[PDB]
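2 protein chains.
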Amino acid sequence: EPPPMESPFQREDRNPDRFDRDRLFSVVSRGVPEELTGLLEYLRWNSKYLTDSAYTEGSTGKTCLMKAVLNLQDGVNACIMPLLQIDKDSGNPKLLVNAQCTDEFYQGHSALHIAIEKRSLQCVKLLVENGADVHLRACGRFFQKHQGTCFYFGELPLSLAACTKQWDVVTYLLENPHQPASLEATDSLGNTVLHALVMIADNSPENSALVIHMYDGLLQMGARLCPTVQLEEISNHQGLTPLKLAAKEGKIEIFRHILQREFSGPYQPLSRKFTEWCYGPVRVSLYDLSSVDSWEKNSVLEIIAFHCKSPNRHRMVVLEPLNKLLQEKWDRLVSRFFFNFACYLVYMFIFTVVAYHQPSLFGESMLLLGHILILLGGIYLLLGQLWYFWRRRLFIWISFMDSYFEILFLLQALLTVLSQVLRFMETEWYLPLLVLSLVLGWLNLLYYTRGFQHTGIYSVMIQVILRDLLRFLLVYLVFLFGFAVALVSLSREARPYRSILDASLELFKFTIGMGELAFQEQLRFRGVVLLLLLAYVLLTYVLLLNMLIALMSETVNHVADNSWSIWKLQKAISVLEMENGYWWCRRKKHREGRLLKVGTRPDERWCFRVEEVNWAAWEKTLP
Amino acid sequence: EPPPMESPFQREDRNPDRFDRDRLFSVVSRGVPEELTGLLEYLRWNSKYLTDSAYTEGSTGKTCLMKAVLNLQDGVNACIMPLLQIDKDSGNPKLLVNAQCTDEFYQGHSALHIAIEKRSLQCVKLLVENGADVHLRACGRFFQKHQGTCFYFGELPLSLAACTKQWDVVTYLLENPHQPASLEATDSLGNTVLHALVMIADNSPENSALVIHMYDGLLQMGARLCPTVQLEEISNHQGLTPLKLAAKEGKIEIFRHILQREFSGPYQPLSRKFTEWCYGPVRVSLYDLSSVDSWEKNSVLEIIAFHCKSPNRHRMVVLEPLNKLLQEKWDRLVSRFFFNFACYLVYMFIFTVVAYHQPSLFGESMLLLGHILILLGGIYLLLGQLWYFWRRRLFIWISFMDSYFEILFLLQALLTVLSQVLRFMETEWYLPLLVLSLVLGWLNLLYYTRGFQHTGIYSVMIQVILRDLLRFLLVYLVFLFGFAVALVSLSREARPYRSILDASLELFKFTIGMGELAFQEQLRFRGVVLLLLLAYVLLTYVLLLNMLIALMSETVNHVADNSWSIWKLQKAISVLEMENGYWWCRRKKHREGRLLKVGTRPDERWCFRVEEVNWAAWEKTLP
Ligand SMILES: CCCCCCCCCC(=O)OC[C@H](COP(=O)([O-])OCCN)OC(=O)CCCCCCCCC
Ligand SMILES: CCCCCCCCCC(=O)OC[C@H](COP(=O)([O-])OCCN)OC(=O)CCCCCCCCC
Ligand SMILES: NCCOB(c1ccccc1)c1ccccc1
Ligand SMILES: NCCOB(c1ccccc1)c1ccccc1
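Going down the list, the sequences are from chains A and B. With the entry's author numbering as the guide, the letters of the first sequence map in order to residues 31 to 45, 72 to 417, 429 to 530, 532 to 563, 589 to 694, 699 to 720. With the entry's author numbering as the guide, the letters of the second sequence map in order to residues 31 to 45, 72 to 417, 429 to 530, 532 to 563, 589 to 694, 699 to 720.
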């Protein structure tokens with residue numbers, strides 16, 4: 031285990073009048089500069105420096121200056137200025153101010169990080185004025201984002217200040233003469249203070265207000281400080297911009313704010329929403345499509361559909377501009393959606409005919436042509452599904468609850484092709500596969516219920533249970549096998590249940606409401622056999638009643654309004670897929686919106706126009 | 031797509073020192089009148105006028121004055137007075153102030169509409185003083201009432217002011233010397249400012265308070281301004297008065313207010329409720345029956361029962377006066393309701409006897436007389452239902468959930484007459500129709516459960533499910549046919590399910606709790622047949638459990654108090670129908686209430706007396 035960062039109780043580990077580490081750590085933690093007065097002479101005589109291993113905590117590299125800054129009284133410690141002076145007077149080739157922790161838990165942590173976290177502006181000035189490097193990165197495992205004891209803030213001093221909500225510190229780090237911070241500076245993950253603010257977001261009303269106020273403030277500060285730099289166009293090492301990371305992470309509160317952002321006055325160029333005209337309850341705005349429109353690779357639309365794993369995903373697609381943008385893409389695409397459904401219906405009708413009236417193991432030529440059409444249709448679907456899974460490869464397995472139709476379309480195509488292979492091999496097992504393929508092909512027809520709102524919102528309200537059906541079956545099949553062996557073993561002796594599979598299927602019938610209690614008067618232990626069947630029935634009815642109740646509690650503890658939101662996400666995934674066109678013929682992707690000058694920095702952007710009517714909001718504005 | 035009404039970003043389309077449109081639109085949008093100083097000379101030299109196509113936006117006809125009024129700074133634009141002066145000085149045969157948009161989206165929109173919407177009283181005065189026509193109608197598709205981007209306010213300047221809650225503007229438009237507005241003036245739909253206020257209503261607490269305050273204020277203003285005009289007696293082009301339109305539209309908050317309206321002092325003639333005497337918790341009021349009592353065609357009672365499609369309909373019939381009026385009409389009618397039920401019981405008893413003991417394909432004469440009575444009874448019911456559907460023709464298909472008994476009474480009569488026709492033709496299919504008619508005739512008996520409160524409120528709480537029964541059957545019958553073809557196809561091969594209909598009916602039994610899992614040891618693929626039946630059962634139980642849960646969520650998310658309200662609406666529909674009498678004998682409709690002088694304008702009205710006891714309200718009035 032790593033040592034505590036500071037402790038009143040446990041001493042730091044080991045792993072002319074004398075001035076050892078424990079003497080030094082005692083004076084600086086008490087804060088009494090007059091007791092430091094032998095130290096320069098001792099160091100000089102020995103040729104030792106305060107950076108040396110003998111003066112650190114052995115396991116971390118934590119120095120006397122870090123010890124001093126961990127121990128502040130009313131934001132001050134009178135040792136810091138003398139101790140820094142002694143380092144300068146010593147002639148150390150390294151600088152004490154820039155010393156860092158070397159432990160795998162606290163790696164790169166420095167006195168400046170501690171000063172900022174202790175909220176002492178005086179110490180921040182005092183360190184920066186004495187040559188503190190404002191770009192050292194606290195990159196150790198305590199500082200990385202994961203489960204358990206950690207605090208991610210980015211890794212830089214400016215990013216800590218921002219995430220700790222210290223505006224005085226942030227402005228001093230940016231504006232100071234000695235070593236000004238950079239808004240462009242980046243951590244070991246490529247995250248810039250704007251990315252760090254997106255990562256610390258939690259979608260809570262308070263955290264959101266802090267994050268939004270610190271994000272906007274820094275963006276305004278950047279407009280003054282570094283006017284030639286687009287701070288929101290800088291990408292992580294995963295090639296995400298702060299808006300794209302807010303989408304990936306599912307930080308809906310900050311995502312909404314960035315996407316909708318509007319300012320008047322000198323900061324207008326920092327807007328993404330530009331209000332165009334109002335009339336009564338009608339508001340028309342232009343929205344900036346930059347990095348949002350599916351025209352370009354790795355957009356927020358593709359990230360929300362494919363790369364995000366947040367439960368928030370459906371809530372994100374119903375925000376403007378995305379809600380109107382996706383509606384326009386759907387209105388353009390919907391003819392191709394019903395054409396695809398028509399082709400699938402024709403294929404499934406030909407499949408149904410070819411399955412239904414087929415000989416036992429002109430009309431023969433029509434049956435052969437029918438087999439050929441379903442073989443070709445099965446190959447075509449197989450290729451299309453293989454291309455889908457290959458195109459998704461970097462983010463497969465994100466959401467089975469959105470993906471499962473793509474697996475079942477693959478499965479139906481595989482069994483169709485395999486059945487037609489076995490039919491060419493003339494082997495009787497082809498008929499089972501063709502019939503099982505017909506069954507999946509009819510069930511797969513439910514995919515298209517998303518293409519109509521009436522059937523799309525009903526299907527989404529329902530399609532709740534298929535996750536619970538497994539948990540039931542797995543638990544129950546364990547009861548089933550135990551009672552099945554017990555029945556077979558007990559039925560061997562004469563004065589039914591002949592095999593484990595036979596007995597399991599009888600016990601299954603008793604579960605699904607098809608049971609048959611009677612005295613089995615053929616066999617010796619008929620009373621004990623009846624006891625087992627009674628016990629099995631009662632335990633099964635308990636387990637079913639438990640399942641029903643568990644499920645019903647999650648029905649009372651539910652909100653109906655998600656149904657429309659989840660249906661919009663299904664249409665979004667459909668739109669984004671079919672905007673590519675088919676595996677055998679790529680689509681020309683045209684850009685949405687139009688290119689307009691929104692001001693001067699010439700600030701020209703692809704803007705999408707959105708018209709919103711809001712009687713409630715407008716009436717609140719009246720006298 | 032139509033252009034934006036105004037844009038900072040997109041220039042208006044095209045489709072002596074020079075003074076083109078872009079020079080002109082630039083000066084007036086900036087608001088700098090000194091830059092306008094060449095324009096008169098240029099226009100004069102060319103013989104051009106500011107109304108001409110060259111100076112408009114080409115696609116809309118939007119003029120420089122509309123551009124000027126779209127761009128107000130602190131409610132002003134210093135260009136307007138110079139620009140109007142230049143139009144007068146030009147000698148234009150048209151007047152710039154009265155220029156209007158010609159686009160199909162903004163048709164008839166004018167500078168005065170924009171000024172009012174921008175809430176600039178100064179511009180309204182400045183336009184009216186320079187000859188603005190206060191009766192131009194904004195009738196384009198943006199201004200009509202429909203789905204998507206629009207704002208209906210009526211179409212007139214006075215109606216916009218009222219719906220935008222501008223009392224200063226409303227009074228100035230009414231009272232000014234130059235061109236006074238008319239409270240009687242009417243839009244392209246016949247709607248007068250009072251109708252427009254009913255159309256903008258939404259039944260929300262805030263919208264209702266605005267609408268009510270603007271309606272009452274205008275009605276008081278009309279009493280002063282145009283004393284000889286009954287503003288509430290003016291009809292739409294659909295022949296509806298503002299009260300009747302509030303009923304049709306289902307605007308229950310404004311409907312209640314108009315219906316119940318009471319004033320003391322100089323405005324007393326504007327009342328519809330007149331308080332008569334109070335004693336402790338007892339209040340007696342007269343209510344004005346004008347346009348409310350079913351005596352006259354197209355009353356609010358007939359509109360609520362027949363012509364309204366709002367979910368609010370049941371809430372509207374329980375307001376006074378209507379609640380006591382309908383109770384008095386029911387108390388008068390109820391003998392005829394039970395007489396009709398007695399005749400239907402006698403017919404259904406004779407039908408039951410004649411169906412039950414009938415020969416295979429004196430007592431014979433009694434059976435023939437029984438057939439004649441049910442033929443005549445079936446003809447009589449057929450005619451009565453045909454007359455009902457013809458009388459309803461303008462508003463059939465409003466509410467199947469209120470109408471369905473009128474369809475099922477028609478259906479039973481058709482099958483009865485047709486069965487007796489086939490019985491005269493001596494063909495064996497008559498017995499199925501007579502028996503199917505008997506079944507419907509017994510189910511139709513449930514209609515009369517509304518005639519008693521004990522059975523009327525119980526039936527209404529229940530009769532929830534019949535809409536969900538279809539959605540279940542349709543989805544489920546698609547699973548059924550897919551598995552049915554699959555079973556038939558798989559059962560053809562020997563070592589049950591012989592036909593698609595046979596297999597479908599077996600799979601139906603498995604759904605309704607009558608299933609039969611067994612190894613079908615007669616046929617080759619018995620294991621795969623059992624796999625299909627297991628899969629079918631499990632998918633069916635998932636689909637049933639989904640339906641049960643969906644339905645149960647709409648049971649927790651429900652309010653029981655609607656039951657009594659919906660039963661009153663059923664009695665209202667019954668009352669209004671039977672007040673006509675029968676298809677073979679029209680009823681004399683007597684008027685309700687009595688003719689009383691409620692004041693002097699002699700203000701004599703048909704008043705209905707209502708007595709209400711309200712301990713709770715009265716006790717709040719005590720010290
Ligand atoms: C109207 C007459 C049709 C005759 C039958 C043709 C074979 C159809 C095979 C089939 O079922 O295709 C369905 C497919 C839509 O797939 P999807 O995107 O919904 O699947 C995934 C949904 N979850 O449809 C398409 O991709 C478009 C149809 C084929 C275009 C021509 C192909 C030419 C190839 C050289
Ligand atoms: C007491 C002895 C009765 C002997 C049987 C007479 C035939 C009755 C046929 C029948 O079922 O009539 C029901 C009908 C009421 O209909 P409704 O308004 O409830 O239907 C719609 C409800 N949803 O009832 C009536 O309209 C009134 C009864 C008939 C009056 C005499 C007719 C003379 C014609 C020249
Ligand atoms: N034939 C299309 C009917 O649409 B509906 C529908 C039918 C089956 C599955 C899903 C939706 C519908 C939904 C609610 C009430 C009434 C009908
Ligand atoms: N015979 C008339 C009984 O009325 B009740 C009634 C019976 C059947 C259908 C509807 C209502 C009733 C209602 C609630 C509690 C008890 C009885």
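Think of the hints as simulated: they come from the structure by calculation, not from any bench. Keep in mind that a hint or two might mislead.
Unchecked claim - One side only, chain B facing chain A, incomplete, derived with CB under 10 Å:
1) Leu541
2) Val543
3) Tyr544
4) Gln613
5) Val621
Every residue gets a Cβ at the ideal spot worked out from N, C-alpha and C, and that includes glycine.
Each hint tested on the structure:
1. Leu541: With a closest approach of 13 Å, the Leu541(B) hint is violated.
2. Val543: Holds - the Cβ of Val543(B) comes within 10 Å of chain A, reaching about 8 Å at its closest.
3. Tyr544: Hint on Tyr544(B): violated, closest Cβ of chain A at ~12 Å, above 10 Å.
4. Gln613: Since chain A brings no Cβ nearer than about 12 Å to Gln613(B), farther than 10 Å, the hint is violated.
5. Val621: Status holds, d = 5 Å.
Hint compliance for this structure: hints 1, 3, 4 are broken, all remaining hints hold.
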